[PDB]
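Just the one chain here, the form solved without this ligand, laid out as structure tokens.
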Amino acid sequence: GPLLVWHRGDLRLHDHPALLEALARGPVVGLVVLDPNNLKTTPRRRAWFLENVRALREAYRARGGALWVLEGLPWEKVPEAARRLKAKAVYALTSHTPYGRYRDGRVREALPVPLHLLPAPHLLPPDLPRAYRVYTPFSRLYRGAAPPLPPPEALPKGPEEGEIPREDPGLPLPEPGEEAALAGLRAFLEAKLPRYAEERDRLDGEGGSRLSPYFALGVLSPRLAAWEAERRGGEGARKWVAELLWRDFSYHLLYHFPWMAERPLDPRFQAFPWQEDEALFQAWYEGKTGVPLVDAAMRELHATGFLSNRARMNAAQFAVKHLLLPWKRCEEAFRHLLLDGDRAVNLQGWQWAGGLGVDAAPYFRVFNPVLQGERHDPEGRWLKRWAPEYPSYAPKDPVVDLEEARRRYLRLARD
């Protein structure tokens, strides 16, 4: 009987504990279940997922192995695959998300054979005992990346089943799959890593790796990335790895403070006068606020599904501090437009850029839409690409009075 390796947010063969744990015991067959709880989202994200699932199968085939793809509820499809294959056991990577736990508990209940869950690779586990709300103390626990596990050279033969739907992303998608991700990592490390600390703030984000869409679906292991970067060493690597840690910190936060999905980490904001004005929401959502920077960010986001970190913190804080739009609605809409949309990470980003309690970031910090755009975009090349209509980062008929908007917020916050 074979062993089933059930892939979830880990569409890769490199550094995969569940794959190697099963392979060491006997022949394996891979499995992906197209779950409605995950796929009932926007076309761009659904396609990104499906195309990376298609790539994993090609990766299995290239090695002579078999990847089954089934559609439906995990607690019905996993047991079905196990029965049909007469699998002895199922192996997967542990998930600590609310849905992940519910799902796996349900699957364990319906499965007649063992479900073995192994720790997913992280720089720092999210289920650490101590619960930190600040980054520095959390990051100190990190003592360098452990070595990544190797991918199999070849896979045992097995029967293949299931078809992989083709969805219209509505936009240009990056190259899907692990090979593309690995090629991207090498390019970044050799070319951009050295100056990362000095270029990581550009509004166009060309100083970054642009690997978030891959990390989001586990096409690239963070442990492998950290390991490679640290092999290069230097200020660049230290800084880039620090950002990988911010991702783990995001999972750590949501795991220890589940309620932050519902309310701000900082209690003294639980009752902020969020003015829900449908008219303003659309202006922001469509990037029609009249503010060069924000409009540029939202426009690129709608067209590409990607946005540099600097742009995200600008477009995000603008909505929360200036327009006072409720964060909950804005964060969901933001996530749905991102190819790398990750609930935990997006939530930390919003509660951080929105001065809602993450890393005890100060509320009094308020970005200056025009300065920001000039200090992080030289010949205004970025602005000229997403909002040519604007001659500069100067407000041309703003949906609100920046100056008053600032005073307004600071006033509200101060109390």
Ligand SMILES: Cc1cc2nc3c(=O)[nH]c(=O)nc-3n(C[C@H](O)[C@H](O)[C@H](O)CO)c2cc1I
Second form
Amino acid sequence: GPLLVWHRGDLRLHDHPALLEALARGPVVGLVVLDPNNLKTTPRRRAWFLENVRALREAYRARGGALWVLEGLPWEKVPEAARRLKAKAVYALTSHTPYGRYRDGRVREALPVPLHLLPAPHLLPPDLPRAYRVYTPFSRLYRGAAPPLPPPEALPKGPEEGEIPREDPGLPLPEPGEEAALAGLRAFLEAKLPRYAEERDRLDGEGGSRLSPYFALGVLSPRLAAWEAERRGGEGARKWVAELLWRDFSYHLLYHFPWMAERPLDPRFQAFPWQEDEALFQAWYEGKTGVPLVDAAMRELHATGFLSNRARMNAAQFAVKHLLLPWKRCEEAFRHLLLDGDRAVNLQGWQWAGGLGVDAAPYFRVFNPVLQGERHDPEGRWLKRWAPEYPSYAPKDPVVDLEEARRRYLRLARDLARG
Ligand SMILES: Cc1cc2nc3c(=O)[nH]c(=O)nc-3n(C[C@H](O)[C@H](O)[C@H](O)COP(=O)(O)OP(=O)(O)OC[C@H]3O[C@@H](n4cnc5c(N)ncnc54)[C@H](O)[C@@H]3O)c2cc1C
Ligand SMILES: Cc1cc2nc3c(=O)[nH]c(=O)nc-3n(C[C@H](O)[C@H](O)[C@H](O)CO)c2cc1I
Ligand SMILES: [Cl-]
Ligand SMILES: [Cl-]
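Please give the other form, namely the form solved in complex with this ligand, since only the form solved without this ligand has been shown so far.
Below, the chain from earlier opens the complete complex, with every other chain and molecule after it.
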């Protein structure tokens, strides 16, 4: 009887605790399930997920092993592959999210053999006893990466079942699979790391690793990335890893503060008067707001599935602070455009940028949008690639008056906030 290895958002061989835990007991057969709960989403993200599954099978086939791919509900398909293979047990990485817990609960009932879950590799775990809303106190618990675990060398032979359907992403995708992801990481650590801390805030995002699409499906392990930056060492190295830590902190917050997915973390913002308004939602959404910097950001995201940290925090704050659009609508639509879109992380971003209480980011911080453009794109190159309509970051029949609206937010917000 083979042990099944059930890969969810961990489409990799390297640093894979459930894969090893099973491999030491006996022969294995991996399984993915294409779950409608994750895959009724935009074409770009269905394809990104599916092509990474496809690369994961190529990775098994290449080491001589077997990856089933089945389609439908996990509590209906994990048991089916259990019966059809006669597995003695199934292995997977714990998920501390509300769907994770629900699916994993349901699978464990329908399975007649054990379901053994193992800690996913993290820099810091999301389910620690104490609850922090501030990053600094949280980041202090971190002492440096533990060593990552090897990949298998060669996998045992097993029968293979399932089709990986092919979907139109609608746009150009990165190279799928952990062979592409580990090449990308080593180029990055080798060519850009020294300057990361000087370069992280450009609008073109070209001083960073561009590896988020991979970290989102677990195609690259955050403990391998950190451990490796820690070996290279130097200055870039500390700051890059501090960013990986902002990803773990995003899961930390959503775990301890679940209601955060419904409402601002800061109680003082729970009654803020958003003004739904279709006309305006559409112009933010489609980058037609008249603000060079927001329409570049919104238009790159549409065409590419990717956006830099500094464009995102601008594009996202603008909706909340200058347009006063309701966060849930926006932040949903945002995450659907992103290959790397990740519920907790995108929520943490919206709550930070939007001044609703991640890390005590103060309401008063309002991006001046032309300023933001002059400090983070020094001779225009970015703005000309994504909206050459605009001759500079000077706004051009903006859908609101910026100061009227800066002055507006600061006003509504100072009552609420400290009144
Ligand atoms: C409005 C908002 C929404 C966002 N939504 C998401 C999302 O859905 N999925 C997502 O991956 N990132 C999201 N981010 C966080 C961050 O912007 C991106 O992960 C970063 O742009 C990825 O580019 P990079 O791979 O070059 O990062 P790098 O600069 O190379 O950073 C290394 C890695 O650390 C992690 N990281 C970096 N910055 C952050 C951050 N601010 N918070 C959490 N993790 C971070 C990422 O996994 C990143 O790939 C969002 C940020 C904001 C402001
Ligand atoms: C765009 C996208 C699509 C995904 N599709 C998944 C799927 O079809 N099956 C699955 O097991 N995991 C899927 N994952 C990861 C799930 O979110 C998973 O339940 C999480 O890893 C909990 O383990 C998934 C993630 C993302 I972004
Ligand atoms: Cl157990
Ligand atoms: Cl280890």
